[PDB]
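All protein chains but one are shown at their positions in the complex.
In this document, chain identifiers A, B and C correspond to the written order of the chains, with residue numbering beginning at 1 in each.
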Amino acid sequence: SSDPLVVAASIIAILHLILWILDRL
Amino acid sequence: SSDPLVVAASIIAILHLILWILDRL
Amino acid sequence: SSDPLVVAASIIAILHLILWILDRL
Partner (left out) sequence: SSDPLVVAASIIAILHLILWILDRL
């Protein structure tokens, strides 16, 4: 398993790419 | 748990979304 | 090991650097 602060920071990263891919889209 | 350079890069990522969110106000 | 969301976000980031060193190689 990974640290929680880490799983958070990633979710923040994964959601960013989405809002990007919609902003662009 | 999770490797510390990986807790590092994270504290930076979260803190970054903070400064940014704040940058709008 | 490290959670999957983190191995996912990471692949993005490594693939992010990749899409750069090329866009400007």
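The rule is short, and it goes like this: a residue touches a chain if its C-beta (ideal position, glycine included) is under 8 Å from a C-beta of that chain, and two chains touch if they have at least 3 such contacts.
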Residues from chain B at the interface with the omitted partner, ascending: 2-3, 5-6, 8-10, 12-13
Sites on chain C contacted by the missing partner chain, in the whole complex: 1-2, 6-7, 9-11, 13-14, 17
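Simple rule for what comes next: only the chains that are shown with their structure count from here on.
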Chain B and chain C, separation of their C-alpha mean positions in angstrom: 17
Touching two or more other chains - residue numbers and ranges from chain B: 2, 6
